[PDB]
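J.: This is what each chain is made of:
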Amino acid sequence: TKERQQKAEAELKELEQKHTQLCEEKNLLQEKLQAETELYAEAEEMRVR
Amino acid sequence: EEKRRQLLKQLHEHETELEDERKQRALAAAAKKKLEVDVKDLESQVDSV
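Keeping their order, the protein sequence lines are chains B and G. Using the authors' numbering, read the first sequence as starting at 870 and increasing by one per residue. Using the authors' numbering, read the second sequence as starting at 1594 and increasing by one per residue.
Read the hints as simulated data drawn from the structure, not as lab findings. It is possible that part of the hints are untrue.
Mimicking DMTMM-like on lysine to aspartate or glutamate, the simulated pairs with C-alpha atoms at most 25 Å apart in a straight line are [said to hold, decoys possible]:
1) G/1616 x G/1606
2) G/1626 x B/913
3) B/901 x G/1631
4) B/895 x G/1608
5) G/1626 x B/872
6) G/1616 x B/893
7) G/1626 x B/880
8) G/1616 x B/905
9) G/1633 x B/913
10) G/1625 x B/905
11) G/1625 x B/907
12) B/901 x B/911
13) G/1625 x B/900
14) G/1626 x B/883
15) G/1625 x B/914
16) G/1616 x B/878
17) G/1626 x B/878
18) G/1627 x B/900
19) B/901 x G/1612
20) G/1627 x B/911
21) G/1627 x B/893
22) B/895 x G/1613
23) B/895 x G/1612
24) G/1625 x B/913
25) G/1602 x G/1612
26) G/1627 x B/907
27) G/1633 x B/894
28) G/1616 x B/880
Looking at chain G on its own, in the form it has when it is part of the complex:
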């Protein structure tokens, strides 16, 4: 029962910690896409200029 409690606690903690990392991945990907759009916009500006 104690082994169950320990392993379950570890699983829960490691899962929530890496879920926070997954949210950081989502944020990073959003920022990446935003900057990609900015690059395309600026490239269009350079074309016209």
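If we strip away everything but chain B, and leave its shape as in the complex, we get:
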């Protein structure tokens, strides 16, 4: 039962590491996306001009 606990806690820690990783990657991609959308808007409005 202690072995299963240790394994469950290890799995938990693995999932936690991947969770925070995916969260940071999501944040970075969202920031970058907003930047590219702004750049597209700036390019397209000047294209029209």
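Let chain B serve as the given structure and place chain G on it in line with the hints.
T.: Relative to the frame of chain B, chain G by itself:
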């Protein structure tokens, strides 16, 4: 346990209240960007006119 209940309730309420403020920030930023585009469009109109 009561201290836990109280502090958790306070955290929850303050978090949801400020999340509503964050949604207001998103709305304000959207409006800001919309008006920024309007300013650029009107500036192009003034240029041409």
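J.: For which of the previously enumerated hints does the structure constitute a violation, in increasing order of number?
T.: Structure breaks hints 5, 7, 14, 16, 17, 21, 27 and 28.
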